[PDB]
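Beneath this line is the structure, given in C-alpha cells, with notes to follow.
Missing here is one protein chain; the remaining ones are kept as they sit in the complex.
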Amino acid sequence: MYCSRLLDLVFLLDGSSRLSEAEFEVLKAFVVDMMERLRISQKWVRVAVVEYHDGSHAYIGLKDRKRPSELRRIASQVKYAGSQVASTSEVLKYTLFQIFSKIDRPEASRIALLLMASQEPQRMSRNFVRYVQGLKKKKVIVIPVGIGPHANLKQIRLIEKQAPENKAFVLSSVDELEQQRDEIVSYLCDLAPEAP
Amino acid sequence: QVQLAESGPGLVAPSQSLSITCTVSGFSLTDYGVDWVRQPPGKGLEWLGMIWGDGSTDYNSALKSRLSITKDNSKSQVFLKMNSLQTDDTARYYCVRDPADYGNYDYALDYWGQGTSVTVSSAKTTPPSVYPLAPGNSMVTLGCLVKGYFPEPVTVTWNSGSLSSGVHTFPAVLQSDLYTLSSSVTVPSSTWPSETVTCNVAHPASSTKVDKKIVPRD
Partner (left out) sequence: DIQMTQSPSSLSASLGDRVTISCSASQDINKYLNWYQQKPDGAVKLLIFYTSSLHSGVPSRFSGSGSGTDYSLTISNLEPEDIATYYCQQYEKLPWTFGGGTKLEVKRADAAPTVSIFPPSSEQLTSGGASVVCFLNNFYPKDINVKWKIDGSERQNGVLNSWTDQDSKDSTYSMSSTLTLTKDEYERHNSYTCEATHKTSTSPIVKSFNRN
C-alpha cells in the first residue's frame, strides 16, 4: 500500500524522443501515482524530480518545501523533452555531484530511481561505472527501471553488478509501469529504515 | 591476428588537410575502438582522439575541432581527417586499437600500427646536392654532405653497401625548409686514396641517385 519511512527518493525521467509525448505522460503519471503512495515530508519520504536529456531539468528538489499536493502537480506538469539523447551518465553524475553533493539526511536511505527508455552514445558512457561507484560511496542506491526495447540493458546489468541493493525492473513499455508500481514502491520502501 | 596499417599522404601542404585510412585486421570495429596518436619528430607521443564501436568519438580539445574520425565497419577501416594542417602538425601518425569498454573502464592502447609519417610544408620535391668531403693516422675519415633536399628520406651508402661498419649517417635537419644530412665513413688509410671510396645518395621522391667518389683535394 503506502510508505512511511525515512527515504530520499530521486525520480530521474528519460527525456528522449524514445518516449512519445503520450508515453512520457504515462511515465509522469506513474511518478505521481508513486508520490501518492509515499509519505512525502521532510521528516519521512523526500522527493526530487528531474527530467534528463543532454542535461538535467530539476523540477523538484529534496529540500523543496511545498505541499505534497503541490509537488504531485509540479510532477504532472513536467515538460516533455523529446531530445535525441538522454544521458544516464550525466544524470547519475548530476545526482552525485549536485543532488547528493552533501548528505544532510544520513538517517535516510537514498535511492535514485533511474527511469530509462533509451541508450546514450558510448562516448557519453566513458565514466558511467565511475559515477555509479561514486553514488555507491555515498550510499545512494541506484534502482534502474528499463522501459521499452531501447533502454540501455548493458547499463542496467552494469548497475545491478555495482551493488547488491541495485535491483532492476525491466519493463516492455510504460504500460507495465502501473502493474509493477506497487512492487516497485514496496522494494524502495523496504530499502528504507522506519523511524522511531 | 590483430593488425592496424596506416595509409597516409606522406606530404601535406599547409592549410591543406590530412587524410589517413587505417586498415584494421584480426578484430571487428564494432567490438573495439580505434585511437589516433601522433609523434612529432624528436618528440614524444600525443593522443588525438578515438572512435567507439558505436561510432561516437572523443577528440583532444587541443586540436581545435580540426579532427574527424569516421569508419566503415564492413571495410574494417577507420578514417582520420584533419583540416588546416600547419607545419607543427608534421609527425608520424599511428592508429591504435583500444578496448573502448566503459563497462570495465578499459581504454588501453593495446595494439598499435607501424604508423605513417606526415610532413606538412609548402616545399617542393627538390633533389639533394651531394658533396664529397675529403680530409683537411692509420684510419682516415671521409664524408658526404647531402644538402638542400626535400622531402625525406634519402639513402646514403658507401661503395654500394660494401662499406658499413665504419659508417655514420646523421639525422637530417632543416637548413631552410629543405633537409640536410651528412654521412661519415672511416676506413684504414691503406684503402684511401689508393682505393676508391664512394658515397651513394638515393632520393626516391626525385627518382635521383647520385654517386660521389671522395677524391683528395685539388
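Letters A and B mark the chains as written, and numbering starts fresh at 1 in each.
The criterion applied here is as follows: a contact is a pair of C-beta atoms (placed from the backbone, for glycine too) under 8 Å apart; a residue touches a chain by one contact, two chains touch by 3 or more.
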**Complete:** Out of B:3, B:129, B:191 or B:206, the sole contact with the unshown chain comes from B:129
**Message:** With the missing chain put back, one of B:64, B:75, B:168 or B:209 would touch it. Which one?
**Reply:** B:168
**Item:** Which residue of B:16, B:60 or B:76 touches the chain not shown here
**Value:** B:60
**Fill in**
Contact residues on chain B toward the hidden chain run 35, 44-47, 49, 58-62, 92, 94, 96, 105-112, 114-115, 129, 131-136, 141, 143, 145, 147, 168, 170-173, 175, 180-182, 184, 186, 217-218
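Simple rule for what comes next: only the chains that are shown with their structure count from here on.
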**Asked** Cα centroid separation between chain A and chain B, in whole Å?
**Response** 54
**Request:** Would you tell me which residues of chain B are touching chain A in their complex?
**Result:** 52-58, 100, 102-105
**Prompt:** Taking the complex as given, what residues does chain A use to touch chain B?
**Reply:** 121-130, 154, 158
